[PDB]
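I'd like to ask some things about the structure below.
Note that this is a trimmed complex: some chains were dropped, and none of the rest were shifted.
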Amino acid sequence: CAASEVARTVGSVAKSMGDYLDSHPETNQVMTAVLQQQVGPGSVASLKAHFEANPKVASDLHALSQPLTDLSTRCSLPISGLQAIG
Amino acid sequence: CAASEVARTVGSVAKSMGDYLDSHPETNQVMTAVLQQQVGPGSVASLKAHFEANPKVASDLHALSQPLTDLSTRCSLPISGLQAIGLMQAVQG
């Protein structure tokens, strides 16, 4: 639960999420537009719809995020968030 | 400046930080305290004393967080320090 281990987890989840997106340009395009539009309103919707229509991608990304969600239980210290300011 | 690349770059930096912290136990402890205390003013003073007494780790960790600041500078994307906190919330899921 040490900072070294939070960082390592977030590092292997982020990387795997990365590889997956790289291999899935459509999804990679829709997440890309979200980051360009600062997670504003229009890009969130496009993303929601992309998940309804691609239940495999949604469950695959969910599986890749699991260790991160495990962690902030197994330790449960703050947001699964700002910890990743690094 | 694709999402895959920002996630990959978050992925390697965080990895590299974690390995750094694993081999630097006192610093591991000093960041662990900051995380388990929500970056309170106590944990900061002690991180500050730590960086001041250990300038090599301050620069080692700074060098490590570079590829992320470079990505933000290269891309005009959240990604980096101040911006990132807002970004991380909102990757709210």
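Structure notes:
The first chain written gets the first letter, and so on, giving A and B; residue counts start at 1 in each chain.
Convention: a residue touches a chain if its C-beta (ideal position, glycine included) is under 8 Å from a C-beta of that chain, and two chains touch if they have at least 3 such contacts.
Here 2 of the identical protein chains are placed; the entire complex in the file holds 4 of them.
Everything that follows uses one rule, which is that only the chains that are shown with their structure count from here on.
Distance from the chain A centre to the chain B centre is 17 Å, each centre being the mean of its Cα atoms. Listed in rising order, the residues of chain B touching chain A in the complex are 1-22, 28-29, 31-32, 34-36, 38-39, 65, 77-78, 81, 84-85, 87-91, 93.
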